[PDB]
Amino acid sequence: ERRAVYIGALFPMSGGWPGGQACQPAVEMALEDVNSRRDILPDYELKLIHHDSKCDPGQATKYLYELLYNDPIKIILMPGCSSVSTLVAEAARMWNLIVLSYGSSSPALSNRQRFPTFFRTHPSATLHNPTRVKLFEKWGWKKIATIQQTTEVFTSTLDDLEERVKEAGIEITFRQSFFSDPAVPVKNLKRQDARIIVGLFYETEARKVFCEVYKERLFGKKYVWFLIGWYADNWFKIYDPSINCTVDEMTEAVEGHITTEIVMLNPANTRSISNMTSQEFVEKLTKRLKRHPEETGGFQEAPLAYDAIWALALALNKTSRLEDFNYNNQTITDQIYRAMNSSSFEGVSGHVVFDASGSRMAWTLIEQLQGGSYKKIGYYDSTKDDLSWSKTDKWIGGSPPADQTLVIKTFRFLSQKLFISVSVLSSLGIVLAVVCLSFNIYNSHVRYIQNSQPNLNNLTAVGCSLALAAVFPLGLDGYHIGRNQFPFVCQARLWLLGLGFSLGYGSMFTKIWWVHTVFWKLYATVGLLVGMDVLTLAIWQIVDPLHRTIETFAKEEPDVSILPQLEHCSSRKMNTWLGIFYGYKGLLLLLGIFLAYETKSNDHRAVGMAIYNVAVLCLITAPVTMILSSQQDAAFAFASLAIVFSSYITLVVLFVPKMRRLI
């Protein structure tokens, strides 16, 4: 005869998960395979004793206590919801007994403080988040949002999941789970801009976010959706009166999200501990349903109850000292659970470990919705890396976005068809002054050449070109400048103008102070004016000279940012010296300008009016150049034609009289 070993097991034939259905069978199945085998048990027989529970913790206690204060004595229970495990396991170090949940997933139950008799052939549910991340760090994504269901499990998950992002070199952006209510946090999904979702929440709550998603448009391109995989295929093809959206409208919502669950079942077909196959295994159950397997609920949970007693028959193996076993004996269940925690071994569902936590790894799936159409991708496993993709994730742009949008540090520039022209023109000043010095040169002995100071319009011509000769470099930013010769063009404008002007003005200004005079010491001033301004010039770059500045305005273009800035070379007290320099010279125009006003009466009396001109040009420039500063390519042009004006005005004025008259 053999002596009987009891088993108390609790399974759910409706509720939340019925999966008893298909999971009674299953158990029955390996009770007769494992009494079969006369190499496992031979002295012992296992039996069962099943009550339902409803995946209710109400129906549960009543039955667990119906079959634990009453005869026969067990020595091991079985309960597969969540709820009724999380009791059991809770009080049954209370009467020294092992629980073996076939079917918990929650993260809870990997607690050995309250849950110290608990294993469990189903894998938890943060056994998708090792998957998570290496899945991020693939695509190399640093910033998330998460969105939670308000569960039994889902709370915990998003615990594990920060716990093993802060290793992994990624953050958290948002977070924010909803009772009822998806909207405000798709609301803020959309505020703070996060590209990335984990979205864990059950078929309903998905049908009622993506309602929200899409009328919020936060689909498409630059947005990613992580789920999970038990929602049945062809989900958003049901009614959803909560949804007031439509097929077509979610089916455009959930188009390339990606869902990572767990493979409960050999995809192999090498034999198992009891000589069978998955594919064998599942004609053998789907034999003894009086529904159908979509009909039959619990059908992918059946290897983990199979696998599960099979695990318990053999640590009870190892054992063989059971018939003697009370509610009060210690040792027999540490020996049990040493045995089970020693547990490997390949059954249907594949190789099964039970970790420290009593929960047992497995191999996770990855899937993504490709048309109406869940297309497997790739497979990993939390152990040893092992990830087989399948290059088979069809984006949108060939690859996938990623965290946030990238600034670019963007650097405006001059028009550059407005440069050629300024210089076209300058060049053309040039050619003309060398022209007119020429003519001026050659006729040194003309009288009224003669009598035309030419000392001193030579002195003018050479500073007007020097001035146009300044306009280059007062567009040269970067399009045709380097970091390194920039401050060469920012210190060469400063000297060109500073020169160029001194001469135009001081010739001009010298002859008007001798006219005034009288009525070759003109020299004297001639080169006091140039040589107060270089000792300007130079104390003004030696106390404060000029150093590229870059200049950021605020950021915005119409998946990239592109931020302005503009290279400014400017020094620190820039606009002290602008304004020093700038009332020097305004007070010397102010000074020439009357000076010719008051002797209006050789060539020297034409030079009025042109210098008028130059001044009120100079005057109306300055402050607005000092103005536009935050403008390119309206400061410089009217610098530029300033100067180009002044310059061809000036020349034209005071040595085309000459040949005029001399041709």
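Positions refer to the first chain, counted from 1. We call the rigid core whatever largest set of C-alpha positions still superposes within 1.5 Å between the two forms. Compared with the form deposited in another entry:
- Relative to the superposed core, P123 undergoes a Cα shift smaller than 2 Å between the two forms.
- The Cα shift for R288 between the two forms, taken after rigid core superposition, is smaller than 2 angstroms.
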The other form holds:
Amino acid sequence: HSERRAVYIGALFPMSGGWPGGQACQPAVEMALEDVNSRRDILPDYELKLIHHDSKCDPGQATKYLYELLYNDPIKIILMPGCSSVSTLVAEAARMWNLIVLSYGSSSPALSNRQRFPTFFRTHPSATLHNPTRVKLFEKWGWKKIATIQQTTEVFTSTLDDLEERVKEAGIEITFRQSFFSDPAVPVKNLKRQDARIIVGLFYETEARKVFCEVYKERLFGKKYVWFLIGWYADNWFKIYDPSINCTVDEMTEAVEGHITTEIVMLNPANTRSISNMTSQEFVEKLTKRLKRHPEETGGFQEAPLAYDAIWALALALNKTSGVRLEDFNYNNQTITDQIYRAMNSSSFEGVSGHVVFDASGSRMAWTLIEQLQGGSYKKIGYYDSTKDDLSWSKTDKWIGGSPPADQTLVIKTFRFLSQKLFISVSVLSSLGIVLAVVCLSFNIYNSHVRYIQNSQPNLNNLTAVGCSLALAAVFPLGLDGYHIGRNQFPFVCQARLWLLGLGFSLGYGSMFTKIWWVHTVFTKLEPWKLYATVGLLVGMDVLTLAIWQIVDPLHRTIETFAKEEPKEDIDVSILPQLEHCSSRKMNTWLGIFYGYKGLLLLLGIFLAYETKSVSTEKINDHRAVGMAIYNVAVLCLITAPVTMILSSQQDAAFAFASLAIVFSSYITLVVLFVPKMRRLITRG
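I've shown you the form deposited in one PDB entry. Could you give me the structure of the form deposited in another entry?
Keep in mind that what follows is only the chain, not its partners or any molecules around it.
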């Protein structure tokens, strides 16, 4: 009432420049001081007053005005700078004058350094408050690798270097980082090249209206890409005329549909009373009565609640400190400043801007409104509070495919199998063939003493039929694959089929070649043991060859992949086929020598069978038909041995050729070698 000893606040309100906040944060401060002076509850003995200067957001002028504030008549108790560069200057200087600095409009991360600015506070949150929100979405939608294109302003660099540490605590990875000055052609082209899905674009509006024209040109938008921008652009920043870009307004709307934006909630979205008995709607209505222009064309309108709440936080701190006297403050005592600092630190109240609490670094904690551009108009899809970690979703995120896209395209490794129909058909033919083989072997062994089938070497044809049966039995495991066997039992199946087919062919063609060979060598100038020992030595050398193969270079499973094909069950899925073989390190070199050895024996057999065509001998009387058996076996083997290699891929045709050659060789061999030798014994004796 009477004492009313005034307490002075020095303030710098930018009425022009990069951010004309003082055009609306200064009226909001004035009004606020009234509510602190008209209420007898807070600071009744004292009265808060305001000396202010126009800073224009130029530190060069703020330096002169800081001289005017600190070196003129009334002693200030606190400083209230606006934008961020002035705030950096003033907050570094005021350490020497023992002053508190309480900014209302600075968003730089750099100001959260408690070593440079040991007495700085602000009701405007740091720009890094967006980062806890973004991560919360990346964990909600499961994305785990991210691209970050930015403009090279220091605020954006500090924001992204905080985002890196914020994600690497959660396991997410930033795979790509690009920085540009004014023209983003190269960064966005490298993003299209590297195939980045989730993008975080940190740049101003004029840079954005160029980035997104180059995104429409490069087609980096659409159904599989999502853009995370900043929320404080104008709500029609993509529809205004701009000659620096080349994409009509009908485009540049299509490149932006569906991008998420985070902003700070400056005003309270409820309709409750603050610590000044006033709601957000009527605070806005009351401030609009002061401004001499419309709030659409006045600057700093979206920040006036922060100036109001800074005035109120200061008032409540002064009301909590004061039996400390504020009328005897001078720039050399550091105790009264410590009192005001400890009362300002532990600040918690409800203002027009919401709940007002400061960090350990003096930055205010606030809410983040998350919204999404849907059809050319932003729609609020949620809120998030980082302090108690509460995300309030509204269930309005209209995605293009129903579900949000993924961080990268998945590849499904599909195995290929031969069609089971053809396998089972050839297997049943081979089973009837092997039962015919054992029938013919039993027939030959029954009549051992007829002396007409003793003039034909009987044991040699028995060994031929046994080898034929072993080849027909080895057709079976040749068709088996990963459809039935599995990984652990694979090498046993391949090794078994190798040994069975090798021994079958060796024994059959050895028993047929020793007969042709000895008929020729007796014709040109007879004994059972020599005849048996020759085929025994032949199959023994082949057995030793296959054993050295096994021992020096075992056969093992090997997968070979194909070119990627679009499988189309989903619009965005990609699958790569795989074929499973049994192979050694150098199977082709090792198999080639064996195939050549057998081919040379087969051609030698053909020549010997044609040379000894009409010769007649009584100790072996069936060479005339053994020759035509050899001709067919050799023709089939020397033509389906290379085809099994040229068609190593297309496993169905490889199996078809190989197994049809085996079964037809077996059938014609046993027929032309045993049908006459039984027909002459059921029609002539």
